[PDB]
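Chemist: In case you want the letters, here they are:
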Amino acid sequence: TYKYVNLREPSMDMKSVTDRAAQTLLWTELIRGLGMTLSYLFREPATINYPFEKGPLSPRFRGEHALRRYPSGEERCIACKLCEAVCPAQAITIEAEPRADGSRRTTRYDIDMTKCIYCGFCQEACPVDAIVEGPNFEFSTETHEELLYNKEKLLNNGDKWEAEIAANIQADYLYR
Amino acid sequence: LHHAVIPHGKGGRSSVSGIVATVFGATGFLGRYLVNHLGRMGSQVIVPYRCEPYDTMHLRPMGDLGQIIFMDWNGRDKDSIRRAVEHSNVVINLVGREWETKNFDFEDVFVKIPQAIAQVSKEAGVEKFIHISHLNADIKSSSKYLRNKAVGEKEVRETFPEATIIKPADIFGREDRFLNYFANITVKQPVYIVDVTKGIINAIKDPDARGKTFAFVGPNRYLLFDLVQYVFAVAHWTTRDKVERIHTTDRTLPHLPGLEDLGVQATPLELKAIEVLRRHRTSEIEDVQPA
Amino acid sequence: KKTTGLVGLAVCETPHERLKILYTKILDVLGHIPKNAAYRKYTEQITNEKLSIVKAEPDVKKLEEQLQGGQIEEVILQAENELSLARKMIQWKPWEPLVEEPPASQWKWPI
Amino acid sequence: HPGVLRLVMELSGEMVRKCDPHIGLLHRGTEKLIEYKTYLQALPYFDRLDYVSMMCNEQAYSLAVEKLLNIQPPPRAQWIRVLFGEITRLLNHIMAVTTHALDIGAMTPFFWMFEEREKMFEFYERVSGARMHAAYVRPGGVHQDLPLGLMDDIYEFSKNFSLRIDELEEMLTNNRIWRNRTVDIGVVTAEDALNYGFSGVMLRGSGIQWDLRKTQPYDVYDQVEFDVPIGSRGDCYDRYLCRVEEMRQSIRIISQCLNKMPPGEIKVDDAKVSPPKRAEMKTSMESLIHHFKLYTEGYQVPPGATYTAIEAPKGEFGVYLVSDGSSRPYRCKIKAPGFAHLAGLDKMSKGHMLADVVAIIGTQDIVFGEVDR
Amino acid sequence: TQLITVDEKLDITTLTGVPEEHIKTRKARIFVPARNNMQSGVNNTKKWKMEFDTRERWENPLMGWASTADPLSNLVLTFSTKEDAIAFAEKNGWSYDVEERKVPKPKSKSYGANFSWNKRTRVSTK
Amino acid sequence: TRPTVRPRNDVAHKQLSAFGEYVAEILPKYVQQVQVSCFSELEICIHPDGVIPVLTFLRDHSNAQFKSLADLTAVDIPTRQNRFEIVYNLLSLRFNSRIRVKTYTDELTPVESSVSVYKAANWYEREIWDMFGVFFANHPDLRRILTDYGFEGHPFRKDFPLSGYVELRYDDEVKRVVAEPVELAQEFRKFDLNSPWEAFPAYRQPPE
Amino acid sequence: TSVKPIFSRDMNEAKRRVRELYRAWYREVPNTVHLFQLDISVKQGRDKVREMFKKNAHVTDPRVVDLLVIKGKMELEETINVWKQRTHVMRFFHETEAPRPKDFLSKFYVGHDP
Amino acid sequence: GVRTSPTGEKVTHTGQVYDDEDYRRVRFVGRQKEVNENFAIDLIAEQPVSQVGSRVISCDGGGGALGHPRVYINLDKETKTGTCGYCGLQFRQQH
Amino acid sequence: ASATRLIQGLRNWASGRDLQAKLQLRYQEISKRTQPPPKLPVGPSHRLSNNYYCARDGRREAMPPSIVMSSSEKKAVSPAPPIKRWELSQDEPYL
Amino acid sequence: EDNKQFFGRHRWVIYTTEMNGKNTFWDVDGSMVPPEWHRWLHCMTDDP
Ligand SMILES: NC(=O)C1=CN([C@@H]2O[C@H](COP(=O)(O)OP(=O)(O)OC[C@H]3O[C@@H](n4cnc5c(N)ncnc54)[C@H](OP(=O)(O)O)[C@@H]3O)[C@@H](O)[C@H]2O)C=CC1
Ligand code: SF4
Ligand code: SF4
Ligand SMILES: [Zn+2]
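Protein chains in written order, with the numbering used here: chain A, 1 to 176; chain B, 1001 to 1291; chain C, 2001 to 2111; chain D, 3001 to 3373; chain E, 4001 to 4126; chain F, 5001 to 5208; chain G, 6001 to 6114; chain H, 7001 to 7095; chain I, 8001 to 8095; chain J, 9001 to 9048.
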């Protein structure tokens, strides 16, 4: 089925040609466009004041790159390197010593916020849900030094909130 | 010694060279091009600026990711200097203005500043303290600038005596003082900026050339008036204290070596003047060569 | 008919004799080529069956709905293109046997 | 700035002789980077070669891999994929119209329809969470299904947007001066439209009837009903109007897709292609092993070459896959309608002046992301 | 059709445009990759791969990354024979090292022969 | 074998089989292979001589129109004496069927200005020439598209690494943009994910 | 076996085409180096041009020399137009040291450079 | 909860702290070495050792399909008692 | 709402599509969040007692492509029968 | 939180001054907010 456009000519009836000539010589449909944009003048504007009203989001937004931990416990990461194995921009750098008490751990867990493309493949891939995208998007960094995160930056970033990520993981242990 | 002072691989742009240079001032001309040669070497420039963040912003991406570091300092205190040279390999002293101000003049900068920073550098354990001086700065008359730099040479020889006193000639480059002074309107040997700063970086990375003072020579050494002829042939703040400084003394000092003894090849005035002398509108190369 | 849909293709008023002279020239220029290839058999079969579909049909709409590859003058265009290949395929020797084989270790895929 | 391109025109004045569109300015090495990466880890490269078709490129890549891998995806996956395909088609046509307007002058309809585009970005936010690059279409059906409280919101949007697009045709569309600006220019002979490799909206405008959705239904497009508009002359006025009535047909397809939606299943039930769900992962063993080595090793793909294409709103967006029997794609290559349209720039603008040349660049949806490959 | 050429060596090395340091300084190595002997699976055999020699890797002094001045230190080329390996390696103009495809020993060991009467082939445990 | 499996439809397999046999009969001269894949698109493997007669035949002939041209890439593999593959792709507007005409070549043998028979092939030919170096003979105008001008090396080859050899920055000595040998900050940790045990036993090549 | 030749028949027309191409680069240098206003003498530019011709002198095939004729022809066309800017024309040189002499000992001090 | 270096500043959970012959102290001029103020090794012995009167027991991480996947651990020794590799918390059997 | 009657008549007059009804400033149409927790269906798997993977052996169906070549007749068929010419769509045709 | 205007103008913070030795009567920041109100304010939930 094809419903095509413009197979029609302006018919040569005298009223048709004088109405089209009145459109020409009297600018009528132009003034109709003026009336359209004035109808949008008198509307109420659809803006939001930013620094007092932040914009809406989802529970499934992808944010901040924090490390979590157990409920009053140890670091939920294990250094199992999956997040580097699926990180497409390869911004994850992991080096893993085992600690003193026999359990396996890290030395160095680094993200390049310059390099990260914010997919959450590490979110879909961390087998214990340690590294989780956060809610917020406010870095605005003055330096190119600060945008290379280390393990203590990520753990302090996880210290800056849990109850947010608690509500998000409670909203997303069902779909993902 | 401890690691990471060893260099690695090639040089420049995350090719780690083995020197850590604490450079004073350098928001002006010659310190900026020296920072550029150190970033081309791929080193760690510790620079204190005492200014607005905008000028050090315009020199900021010269070095690599985090190899530069910026910090405050001043010409009056000492704790900021010691906080600057906490962990330094080498340090070069380049500070000095051609005009007097309200709070700071030619005196007590060349008389105060190298004493204190040389003192705390000798305390905090640096090597290769390189202090600049003007060429032929003596106790000769009509030049407060030259006599203050001569007293500065005497003081740098005094405290931390194993210091590299250098004396480059009247430099010309991309942002020259006196050439641009000619743009808005007795032999003399000027020497181009990259010869000087290549000599500086070669003398800072080629040890056994340390403690012995070095002098730079312009490879023309002709009259001022023929140079005015050439610069207006190619080009179609005015205090006369400067004009006494540029008329007073122009001679050689054979008491010490120069360019080709250091490992650095000179470049004459003509080619570099073809480089920098733009602004014809919106070649007559004379070079009469007086001795 | 009135002002067909495609832009550069102006309308036609003589379908019949145009297609007849085009297909007779098809059969002649194919008559230059010997039957040493099966190409002559295939092209002769399709062209004569198409022309013999056209002959015993006088109509216009039935001539379009019966003769495939519509609508009307695109068939004429395509036939002119086939006569262009007929002229170009006197030359170039498509019927000749093969040019030399590859080194033959090639076309299995998984390298 | 008048995308970003080098234009080297040569002219008799207020007029023309001939030009050279130099592009390569936005070259990124995408094919080489895919030659070193795996399938899943390089799906975002297809998501952001073109950036407007944030789901149609996903659908084309996923059908390339599913066509190579012998997997028929489940029905609810197909319907969600078709729904997001029509939505992204709507967003792509509305960008083409509005950046044509902002190129021509014409300030205010850009901002009306970018309010609309902010709402549809908000629907992508609720679905994946990403603002724009919702990658989200894993090969083997769509992962992470749409949450509760969405479809009636799409229904509300559908009503209000049909009103807003009627109002947009009120604003533009038989205006005296926009017709006066662009009717005379850009005629394309349909025979030359076939031979110059023009595809998509160009074949809509010049004559000949063609649409991949009507010809080769690669998905559940056969079970929904619409009618594609055709242009009557080569005049880009017709091309513009064809884009508008394709938008209105996109609204019809979304209406029927909300009408006949089955509550079947998210993904395929083939754990050797897609990762398992998180509950069976954290409980049982084979799900964990498939999870772990599926993300690391990457699922093997049988060797062979394939080619596919969809009607992206530019045109026949094609991908050619070459796979050594491995976990990497060996070489992929992209048929870009933007590149093919950019080739015929001299033949669109051989006898017209430079402001209309910029109007001819604007009347075809170039982005110069996809035009680079 | 029986045109110009005579069989000479090939000179693509002037056509690739890489500088002379990487023309002549490095040396290739052509081998079948050994079976990853913590596993025993022989699918990763049967391809003649080309690699290059290595150079230094220093610490990134800011993050502790492996940074290097080595563009070609991420190469491997998978082949199916040795003649074409040598032909391509000299066709691009560099020296090279060829190794052996060391096949496993052909054995014939069996259960009853492990369970003999007098012989010392006696597993003593199963 | 029925649910969640993309079904074949062997009627189209038979129709394209008969068409391929038709093509092999009517052009006996330049045909080495006419293969049909199970997902039913035609592939025809071609000696690099009669490519222009093949295209002038398969643009026309009223039994198979194929006006529609698509991708061309000479997908580079080593291990063969002829490294490169010109992969023409064609679709008929009238017939809804996709054929691929793959002819072979090595690093010096050209094709002979195929732009004169498909007008879309102009920037495609110039693209393949710039990215690979596969010279195309008697073409009207060859230039460089999709590279830098000062760049050279034909980067889509396998010998060209993932990074390059030149790298730009801005130096303040001569106050311009200059190039350097490339100096990474991270390794690009290359992974060997070639795990054994033969996930596809249908394609087992024979040994010596 | 045999090869379809590209342009020439033996090494002689290859030498003739490259000769003519060098004539074209000779008449290309001074007008363009005035037009872009670089900082290099015409002697230095021409001598590094003929140095670049000295770089590939030992090539023994007609095909490769024809392909270099194509290379130099394309580069000469896009420099005789005003496309390739000051950056690329200066990028033909080396104003980034790289001073490294071929002394064994000077390469031995800062090492791992065989 | 940090120790103190021979330089005097804060060491981390890993003993990585610098020396006087370094210079990343001089890149720490005026900006904080952001140390973790809550070490994980110190937060293991603080937990109550659960003493389950079964033999071989499960471990999840406190919540179905959250935390780590299940692991079933043995409790046969009486001097080197139980420890999950994931949960990192001890177990005994006490009748 | 929050507008007087005169400008309400202006917004109805200056564009006759009744702005008061459908105005894209939604007030309480916005859905309540915190949905009750869902379950998820599984289609043609997890049904026990039969579900052999070799039955739905999807991947291993990759046959190699069948080849015809290296090196009276009711024939000369097209690759497909001719595609049917389309229809004037009854939902407002033209014309 | 209003229940009268449209969506996105439901909810708003109003910041105060001098909260970390800052004198922030002027120049208010993003993320001066505690995280539970950051959950509330983006309408990730309809509940305070
Ligand atoms: N003929 C000549 O004058 C020649 C001079 N030189 C030397 O080059 C060096 C650099 O000078 P140049 O590049 O020409 O330009 P500048 O005069 O701008 O460099 C001097 C630097 O020291 C800073 N400075 C000056 N006075 C003070 C002060 N009282 N307190 C703190 N900082 C101060 C300057 O300003 P700020 O802090 O605002 O950045 C600037 O950064 C000088 O030491 C000069 O002796 C070398 C060759 C020739
Ligand atoms: S995937 Fe998770 S547990 Fe594994 S290394 Fe990454 S953050 Fe750690
Ligand atoms: S979000 Fe993507 S790019 Fe970022 S760390 Fe995770 S996988 Fe890597
Ligand atoms: Zn546990």
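Be aware that one or more of the hints could be misleading.
[As the list claims (entries may be wrong)] Below, in silico cross-link-like pairs of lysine-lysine (DSBU-like), each with a Cα-Cα straight-line distance of 30 Å or less:
| hint | chain 1 | residue 1 | chain 2 | residue 2 |
| --- | --- | --- | --- | --- |
| 1 | E | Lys4046 | D | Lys3067 |
| 2 | B | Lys1205 | B | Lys1102 |
| 3 | F | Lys5029 | A | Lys81 |
| 4 | E | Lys4082 | A | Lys81 |
| 5 | F | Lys5158 | C | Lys2093 |
| 6 | C | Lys2088 | C | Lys2061 |
| 7 | C | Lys2062 | I | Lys8039 |
| 8 | I | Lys8075 | D | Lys3119 |
| 9 | I | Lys8039 | C | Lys2088 |
| 10 | D | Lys3260 | D | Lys3214 |
| 11 | E | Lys4091 | E | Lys4105 |
| 12 | B | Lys1128 | B | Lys1102 |
| 13 | G | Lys6107 | C | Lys2093 |
| 14 | E | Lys4119 | E | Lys4082 |
| 15 | C | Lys2002 | D | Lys3347 |
| 16 | E | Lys4107 | E | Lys4082 |
| 17 | G | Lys6107 | G | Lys6055 |
| 18 | G | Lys6043 | F | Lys5158 |
Please keep in mind that the hints were generated in silico from the structure rather than gathered at the bench.
Chemist: Given the hinted pair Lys5029(F) and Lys81(A), is their Cα-Cα distance within 30 Å?
Modeler: violated, 56 Å
Chemist: What's the verdict on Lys6107(G) and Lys2093(C), does the C-alpha distance respect the 30 Å limit or exceed it?
Modeler: Status violated; Cα separation ~64 Å.
Chemist: Taking 30 Å as the top limit, are the C-alpha atoms of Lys2088(C) and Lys2061(C) close enough?
Modeler: violated, 34 Å
Chemist: Has the given pair, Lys5158(F) with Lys2093(C), been kept, meaning a C-alpha gap of at most 30 Å?
Modeler: violated, 38 Å
Chemist: Measure nothing beyond the straight line between the CA atoms of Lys3260(D) and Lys3214(D); if it is 30 Å or shorter, mark the hint as holding.
Modeler: holds, 19 Å
Chemist: With the threshold set at 30 Å, check whether the alpha-carbon distance from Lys1128(B) to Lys1102(B) stays at or below it.
Modeler: Violated - the C-alpha atoms of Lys1102(B) and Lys1128(B) are around 34 Å apart, more than 30 Å.
Chemist: For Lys4107(E) and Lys4082(E), compute the direct alpha-carbon distance and say whether it is at most 30 Å.
Modeler: holds, 27 Å
Chemist: Would the pair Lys8075(I) and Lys3119(D) pass a check requiring their Cα atoms to be no farther apart than 30 Å?
Modeler: This hinted pair is violated, its Cα atoms lying about 57 Å apart.
Chemist: Does the alpha-carbon distance linking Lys4091(E) and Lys4105(E) stay inside the 30 Å limit?
Modeler: Violated - the C-alpha atoms of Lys4105(E) and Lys4091(E) are around 35 Å apart, more than 30 Å.
Chemist: For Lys4046(E) and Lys3067(D), compute the direct alpha-carbon distance and say whether it is at most 30 Å.
Modeler: holds, 29 Å
Chemist: Regarding the pair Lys8039(I) and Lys2088(C), is the alpha-carbon distance no greater than 30 Å?
Modeler: This hinted pair is violated, its Cα atoms lying about 68 Å apart.
Chemist: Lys6107(G) and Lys6055(G) were given as a pair; does the straight-line alpha-carbon distance stay at or below 30 Å?
Modeler: holds, 24 Å
Hint compliance for this structure: hints 2, 3, 4, 5, 6, 7, 8, 9, 11, 12, 13, 14 and 18 are broken, all remaining hints hold.
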